[PDB]
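> The chain contents come next:
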Amino acid sequence: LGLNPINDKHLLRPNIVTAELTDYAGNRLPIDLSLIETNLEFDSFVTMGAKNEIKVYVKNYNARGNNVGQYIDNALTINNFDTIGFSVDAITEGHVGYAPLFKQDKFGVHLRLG
Amino acid sequence: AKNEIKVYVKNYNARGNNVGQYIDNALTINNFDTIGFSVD
Amino acid sequence: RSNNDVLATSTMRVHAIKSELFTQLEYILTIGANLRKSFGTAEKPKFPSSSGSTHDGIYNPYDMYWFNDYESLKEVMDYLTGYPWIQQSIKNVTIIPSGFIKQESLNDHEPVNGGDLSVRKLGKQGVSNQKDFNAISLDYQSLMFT
Amino acid sequence: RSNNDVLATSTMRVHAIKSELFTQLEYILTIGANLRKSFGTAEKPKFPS
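Residue numbers (the deposited numbering), protein chains in the order written: chain A, 293 to 381, 462 to 486; chain B, 342 to 381; chain C, 147 to 292; chain D, 147 to 195.
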């Protein structure tokens, strides 16, 4: 952020710096940078196979430490993954998800620091 | 496979030079026409 | 450029317009049958499944066929009335604006059934031009100028 | 860090970007048939649940 770590901690607040997550597919996670005690650490709650859903969130956000904060009750949730299509001796169709983005090396979660 | 053009303004809102907002705001064009046909 | 330090103003109007015009079209005929091999005939009918391509990172199990010009497409669509058990496997033909599709994403022509006619299959793992829209772009000088 | 005691400001921009990229993929084929056992053949077809 180009802040001085030693005496500028008080500037970590939302009119001076800002932070958002995004999947470039219109899922977003707005982060009030004033509400992290010391650290901008993102964890995830993911499930797979049966249901596919990754929701990344900021750890201990809004906690006066150290409790789970808001936890995942606010998070960027990723979950429109693609399915591939196939045919038989009759085509059942695929679903188009983040593929095109992946082809341009943008399938991922991105953090915007203002 | 899918037909979608979304035009966006390069580096918009970036204190450069980073991708900006990128495509997270853009005009997206995607209702193209299909032509019809008949059969026996 | 961002503060509220500026004189009250109330007189905005459309001062100028630039336009990137889509001015030529392309068509992709996407049916679920391999046009580039044998159809059978009215009572000896062959129903060839389609192989599929990959473009812009997506497997389509339908075959997609390029056409940069309408006649070509007209041709081929006509020929196709001949063979109903084939034309029934059409998903649609979609009209898109010109050259977003790259040569190198395409096969060379191929004879259709017999046939006199030829078609080019979109795929080859290619991607599409991320055309820049210059007509609508303005560089600093051009911008102020405009 | 929370109060309204701070100087008026109007000049936020995207200063920096970090990205966790999904850069390799994995696939899960989910069909309702036990692949890991015998299929039968075109006319002696076995359908294993």
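Don't read these hints as lab results, they were simulated from the structure. Among these hints, one or two may not hold up.
Said to hold, decoys possible - Straight-line alpha carbon distances no greater than 20 Å define the calculated PhoX-like cross-link-like pairs of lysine-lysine that follow:
hint, chain 1, residue 1, chain 2, residue 2
1, B, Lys347, C, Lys277
2, B, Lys347, C, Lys164
3, B, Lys351, D, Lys192
4, A, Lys347, D, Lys164
5, C, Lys237, A, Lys475
6, B, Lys347, A, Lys343
7, C, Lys183, B, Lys343
8, B, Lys351, A, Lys347
9, B, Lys343, C, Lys277
> Take the hints in turn and mark each one as holding or not.
Going through the hints against the structure:
With a C-alpha separation of about 11 Å, the suggested pairing of B:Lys347 with C:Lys277 holds against the 20 Å cut-off. Taken as a hint, the B:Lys347 and C:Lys164 pair is honoured in the structure, with Cα atoms around 18 Å apart against an allowance of 20 Å. For the given pair, B:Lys351 sits about 58 Å from D:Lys192 by alpha-carbon distance, which is inconsistent with the 20 Å threshold. For the suggested pair A:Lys347 and D:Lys164, the alpha carbons sit about 18 Å apart, so the restraint of at most 20 Å is met.
For a cut-off of 20 Å, the pair hint linking C:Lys237 to A:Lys475 is broken: about 25 Å separates their Cα positions. Restraint check for B:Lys347 and A:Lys343: not satisfied, since their Cα atoms lie roughly 30 Å apart, outside the 20 Å limit. For the suggested pair C:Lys183 and B:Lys343, the alpha carbons sit about 26 Å apart, so the restraint of at most 20 Å is broken. About 29 Å separates the Cα atoms of B:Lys351 and A:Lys347, which puts this hinted pair outside 20 Å; it is violated.
Between B:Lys343 and C:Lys277, the direct Cα distance comes to roughly 17 Å. Compliance with the 20 Å bound is thereby established for this hinted pair.
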